[PDB]
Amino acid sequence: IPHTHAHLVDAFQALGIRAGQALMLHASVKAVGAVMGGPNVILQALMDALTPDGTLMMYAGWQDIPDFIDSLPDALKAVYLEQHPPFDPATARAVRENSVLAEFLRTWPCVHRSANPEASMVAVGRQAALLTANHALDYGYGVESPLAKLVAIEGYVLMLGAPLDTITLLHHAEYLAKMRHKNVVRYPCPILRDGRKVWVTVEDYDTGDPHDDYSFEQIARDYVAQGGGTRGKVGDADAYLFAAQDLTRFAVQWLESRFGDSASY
């Protein structure tokens, strides 16, 4: 018997989901198990628990981002510069890993999607426009990002069978932390500007590898170990619910205590 809408609603409420919350979701649909009506019922149940006054956001990114063209043979790069489509928020695919639900969320009526291709977020609900508005192209996990706004509105992160290493918010903690050294990347990307394709250079902190000798799984495990968040089952999945403000504060201090620069310049 597949998990029903009502069963999931009750499980979300038992974990601590409440009306009016703003929530970023990371999920593994396989971990939840069979749901009556399919994966979209997971989103419908969560939005039921949040009510229309709540907000639900997910990381989408862009599956087809051609940020690697400089590594291709020159003649192939030339083809990409002419023929690869730009990031179009209406149709750009979300990244493939752990994003079945993010792709579902893009067909919801009244969805909003932020403008930074690599860091794009999708959101539905009362504060969806606020969270996704004015997402800067450079430093997409920084001060002008949906993650900064999620912290400012005292939102939450919900892990629904998703590995703790995939918490996007921790890239915002990396941005904030005063660390000895952070790796900067600069990469090409085609976007739409006044309805025309334009290739631009995006600058950001590397989000593919850590800036020092840590992992997000290590940080999150330490947070849980000192009492951070709530834990419970939703369907077949192990779930965690974290306050965005407290987790960000914890992670910044965690990074600064281990990888800060005590030298003055």
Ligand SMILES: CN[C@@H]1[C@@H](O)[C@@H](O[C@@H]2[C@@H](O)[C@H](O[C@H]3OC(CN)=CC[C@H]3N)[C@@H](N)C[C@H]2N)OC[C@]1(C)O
Contents of the next structure:
4 protein chains.
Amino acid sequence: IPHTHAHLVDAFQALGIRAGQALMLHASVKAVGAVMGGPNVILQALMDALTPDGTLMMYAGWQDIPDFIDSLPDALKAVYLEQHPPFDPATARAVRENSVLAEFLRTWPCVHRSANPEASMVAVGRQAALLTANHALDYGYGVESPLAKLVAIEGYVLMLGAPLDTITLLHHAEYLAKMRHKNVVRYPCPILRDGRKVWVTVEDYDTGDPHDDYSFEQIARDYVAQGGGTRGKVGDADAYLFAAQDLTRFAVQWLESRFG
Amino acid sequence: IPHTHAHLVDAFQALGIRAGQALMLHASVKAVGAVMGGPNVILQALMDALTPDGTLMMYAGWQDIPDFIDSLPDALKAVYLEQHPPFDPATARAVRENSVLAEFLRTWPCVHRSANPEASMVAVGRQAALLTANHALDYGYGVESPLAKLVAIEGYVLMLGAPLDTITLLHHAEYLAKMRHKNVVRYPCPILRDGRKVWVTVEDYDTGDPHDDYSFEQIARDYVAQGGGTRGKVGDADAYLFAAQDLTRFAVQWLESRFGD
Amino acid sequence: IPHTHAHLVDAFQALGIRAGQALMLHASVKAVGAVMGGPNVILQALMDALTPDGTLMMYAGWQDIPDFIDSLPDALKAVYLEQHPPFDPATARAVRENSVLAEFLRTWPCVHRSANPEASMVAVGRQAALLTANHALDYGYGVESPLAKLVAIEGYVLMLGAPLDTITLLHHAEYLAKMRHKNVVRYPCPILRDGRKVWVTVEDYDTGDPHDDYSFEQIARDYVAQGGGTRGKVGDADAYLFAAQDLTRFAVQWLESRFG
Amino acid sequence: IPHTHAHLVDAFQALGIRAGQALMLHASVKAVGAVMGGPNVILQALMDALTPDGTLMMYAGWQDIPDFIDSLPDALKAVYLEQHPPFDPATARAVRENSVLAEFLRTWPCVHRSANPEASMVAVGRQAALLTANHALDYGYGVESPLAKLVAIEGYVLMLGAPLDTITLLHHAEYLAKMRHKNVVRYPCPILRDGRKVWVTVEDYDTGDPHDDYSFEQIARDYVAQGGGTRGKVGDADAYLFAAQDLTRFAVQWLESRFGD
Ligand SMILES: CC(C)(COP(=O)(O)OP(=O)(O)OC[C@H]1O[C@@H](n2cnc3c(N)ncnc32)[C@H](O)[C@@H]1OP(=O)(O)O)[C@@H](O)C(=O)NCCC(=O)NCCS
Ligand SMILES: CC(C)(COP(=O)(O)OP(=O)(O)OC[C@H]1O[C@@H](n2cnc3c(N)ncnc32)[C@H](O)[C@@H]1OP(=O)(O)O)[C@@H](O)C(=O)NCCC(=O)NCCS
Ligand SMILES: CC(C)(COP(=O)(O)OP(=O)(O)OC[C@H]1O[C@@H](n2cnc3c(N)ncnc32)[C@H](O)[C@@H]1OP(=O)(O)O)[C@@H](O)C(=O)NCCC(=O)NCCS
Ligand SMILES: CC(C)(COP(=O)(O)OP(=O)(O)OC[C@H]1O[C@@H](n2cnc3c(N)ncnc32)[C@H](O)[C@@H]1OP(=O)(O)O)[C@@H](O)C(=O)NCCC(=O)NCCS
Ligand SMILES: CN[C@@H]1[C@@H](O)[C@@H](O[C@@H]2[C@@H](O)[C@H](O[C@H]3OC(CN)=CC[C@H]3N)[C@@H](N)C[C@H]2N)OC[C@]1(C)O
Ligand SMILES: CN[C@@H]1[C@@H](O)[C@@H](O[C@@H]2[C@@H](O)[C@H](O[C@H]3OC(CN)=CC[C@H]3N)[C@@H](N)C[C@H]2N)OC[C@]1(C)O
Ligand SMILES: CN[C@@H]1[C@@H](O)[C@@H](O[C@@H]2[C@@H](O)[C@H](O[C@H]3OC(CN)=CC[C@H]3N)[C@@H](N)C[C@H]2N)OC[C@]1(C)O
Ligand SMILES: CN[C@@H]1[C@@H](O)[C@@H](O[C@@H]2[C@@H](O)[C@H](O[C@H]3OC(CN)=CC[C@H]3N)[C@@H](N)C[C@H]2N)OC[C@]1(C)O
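Based on the form solved without the ligand presented above, generate the structure block for the form deposited with the ligand bound.
What follows is the whole complex; the chain from before opens it.
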């Protein structure tokens, strides 16, 4: 029997999902196992557990962001500058490695999408506009970001068979933490401005690799080991539910004590 | 006979105010009628309907802003430059014509205040810091303003016996709208910088008079006439509740269709 | 006798015109009086005093710009939108009020014309391409204008019997000056884009009326009174030669001290 | 015994320096040897050979540009962002490796200085304003730069005892040349905007190291070998005089023949 909508709603509630929460999801469709109706039902079941008074958010980003063009031969870079489409929030596809579920939520009715191409988040529910509003282009995991707002409203992160190393929220802890040295990246990206394509430079902390000798999986496992979060099964998947505020506080302290 | 806290909470909920909303208030104490406990109870009842996870904001401005000193004679202007106090967000009083309720909210526990003196907004609640953060000095009703943020987070405007012409949000619609004519003003203002008084010049669109042949009352009356918002009584006052995003969109289209490209 | 080429050259040199200068001209043919060979000889004599290493520029604009159509009834506005020709820099005639000399210079061999229709400038000589390049559509008397470049390369303005109120350079001073009140206008204009007519909206400061209680005649006469420029006769005309940088600096200070 | 103004003027003229030319100088004071009156007289003799109808330019840059702060510990970077002064063109000192002569010219009467901090050029003479005008912040050795204008007005470059590897003009050839790959740098810099310090990001091609397996010394030596320029002694210094237009054309073809795609 493929997992049903009802069995998923009930499992989310059993794990601790409650009406009105703001929740960021990381998931693996394959870890959940076959669902009756496909991955839509994972999203709908989670939405139903949250009710319309709650909010569901995922990290979408942009699968085709051409942030790498300075490494290309100059003549090819020039073609990119002429021919590559800009980030259009209506069409820019989600990063495939963020789960097909992120692309499914990005194209969900009543979705809101944040404006930072590389860090773009999508949300559905009562606080979806709030979470995705005024997402600054520079330092997209920092103070002017959906992650800051998720912490401020005491939201949650649900890991649904997704590896612990993929928690995007810990990039916000990296932004906050006073560390010996953090790597800054400056990269090009085409956006829409007054309906026309414009290439801009985006400045951010590196989010492709850690700033020092740590991993997100290590921080998350240490968090679990000292009693943080709840754990349970949802479909076939091992699931973890974390409070965003407590996990961010823990991770900032973890980073500053080891690398400050 | 005076309106009670409970009856005000019920009236706000009947109008459509819900837990967690971000709400900007324009109000007349006299229009509401006598409240048991005074105007504090209007603010508290509204906060209670919003809950601490909602947010209540008002336009405070600065009652004593000396933005007029350029039209004084040189000798008097010199006295102002020397003697007028700077905008101190801890003490600068709210504009009296913004209702005593704005000054009451400005002095409420856990209030946050935006840094633009002339355009200063005050808020209490979960998004109060968010709404009031990084309020740019120039174009204070524009893209870096609490009004832009109220629109972005899909907040609301509540008119509680206040004239429709007083909706500050429509200055943000003026900022957004592409119009054949705009008046740009530069005016002086004393502020605090590194703990010291410094006189600066602020640039903004004129918000004292319209940029063309319209009024805010007209726009708002037209919005209501085509079904915008909800209406209901709160105390003795006729109240209107508007979605900030829908009203701004309507007002921008209204201005652009009449004066636009 | 009509004035000769040789006597005009001598008069220009006596006034202070030197080889290699970049010069913007405002002129009245009638004030100069009849010239042997007509107004062509005024331009050629000036070009000869400047030599090919100098540059001569004038304000052309567009005599037929339909910037007034938004105020017409819909039915007439519609006809303008469909039937009025776009700004074609090869054919768009200079504003007649700018002197026939501006249209004569616009049609001179080796002329360069700037792309802003309402603010269009025409130039012949060594820096003609430099002065007329990349003239932005918005704020056409501003930072991206031939007037800004004339100031930046320390060019000159020659008034050849033209009223001081007609100095276009003082609109650049208005743009630069920090003033208590500015009128900003948006108006329609047909242009060519990829060889097709397209209607665009242009944003600019109002240049039809001052922004406050002043006139250009007032500013320039004050400049002359404090020793600015040199004066002399050219033909029958009273002529004034101003340094573009010094006049702009003076006018900005004049505006800011009174309205800033 | 020390070299005199008159002998320096003649030595410059012997190379081909003429009245009215626009000339960019690279120099070593030590290579020239002691001059009667010091390095001022080198500049004045060159100016006198060029006459007031000519123009003299040097690369000043900014000795204290804090373009390296991202490599510092975060806490030290934070101090720089707060405390390091911005580029003020009235005071920012010339890079010392560009010769004390560049700082001497930067402080010369009637000097003009271009606005790009890292690439800042200083010039005195008839076309000094033109050469230094509207120097773009990004790609400061490219199309909107003093080097582009020096090429356009058919100016010259004089190497006065300076190593051929230090010719700034060849960074403009690097900018122009269609090469297989050029390294792009983006770096921070504090500037003045409306009288206040602002930190901005500057984008440019790398000018600290070549983009491929070449050196400027090698290009210039090849230019000389095929008959380009003139050479002679000025004081104790070996001098080279290059036409900017011909050298830029030669260098672009040189780079594209060897490293193009
Ligand atoms: C990388 C990772 C997503 C891979 O997980 P996964 O289960 O293999 O991949 P997805 O969740 O995208 O599911 C894909 C499956 O959905 C299924 N599916 C069901 N209906 C589908 C449909 N209409 N269209 C496409 N796929 C569909 C398919 O079986 C597909 O697998 P297939 O192409 O092999 O046939 C996962 O291990 C992970 O890391 N999750 C966390 C990711 C994250 O949040 N990163 C944030 C960056 S900070
Ligand atoms: C102008 C306007 C405020 C007048 O409304 P109002 O009801 O007369 O005035 P207020 O709301 O300030 O209420 C004043 C009353 O509060 C009462 N009050 C109760 N307790 C009070 C107290 N401790 N202290 C002071 N006043 C008190 C008083 O009776 C006072 O009236 P009084 O001084 O005549 O005795 C109203 O018509 C209006 O325009 N509101 C919208 C304004 C706005 O929001 N503008 C935004 C700018 S875009
Ligand atoms: C308005 C102003 C141009 C009128 O000056 P003017 O001397 O009367 O007019 P012009 O310079 O255009 O000269 C016109 C004369 O050129 C003569 N002329 C000679 N050859 C001519 C020819 N081939 N074709 C046409 N006219 C010719 C004609 O006699 C003509 O006069 P007419 O039409 O009455 O017979 C002048 O007073 C002025 O203000 N100049 C400054 C304008 C300016 O620079 N504005 C900038 C905008 S900010
Ligand atoms: C690096 C380089 C400048 C060093 O040359 P240099 O002759 O040693 O140095 P300078 O030209 O700065 O001259 C310094 C000498 O000027 C002399 N001098 C005379 N008057 C002086 C004065 N008032 N103040 C300071 N120094 C003075 C001093 O002897 C000083 O040397 P010292 O400090 O050892 O006593 C030279 O080899 C070079 O590379 N020139 C090319 C520069 C260039 O254009 N770079 C741009 C790269 S694109
Ligand atoms: C398209 N260009 C890319 C650019 O979008 C950006 O992507 C980041 C991505 O790698 C991060 O995932 C890595 O890190 C984590 C935790 N250590 C585990 C999985 C790893 N893959 C992700 N959490 C956040 C993304 N912003 O940085 C890298 C890049 C190559 O430049
Ligand atoms: C202290 N100096 C003043 C300065 O603060 C500013 O005040 C503005 C105020 O008038 C506006 O209220 C007018 O607008 C209409 C709506 N059309 C409703 C009532 C009208 N009075 C208000 N909505 C916004 C304020 N920023 O401009 C004017 C000024 C005199 O300079
Ligand atoms: C075609 N439509 C017109 C549009 O081109 C623009 O014309 C301007 C023109 O009037 C200005 O001349 C006035 O200014 C004073 C200087 N105080 C001298 C003479 C006055 N006539 C001129 N200097 C600059 C022009 N850009 O504005 C007005 C307009 C009607 O909209
Ligand atoms: C302050 N930071 C520095 C920044 O100003 C910039 O300096 C450049 C400078 O090195 C170049 O000189 C090198 O190259 C040449 C020919 N290959 C020979 C001498 C070499 N030293 C000079 N020609 C142009 C300068 N723009 O780049 C490097 C930097 C460290 O980032």
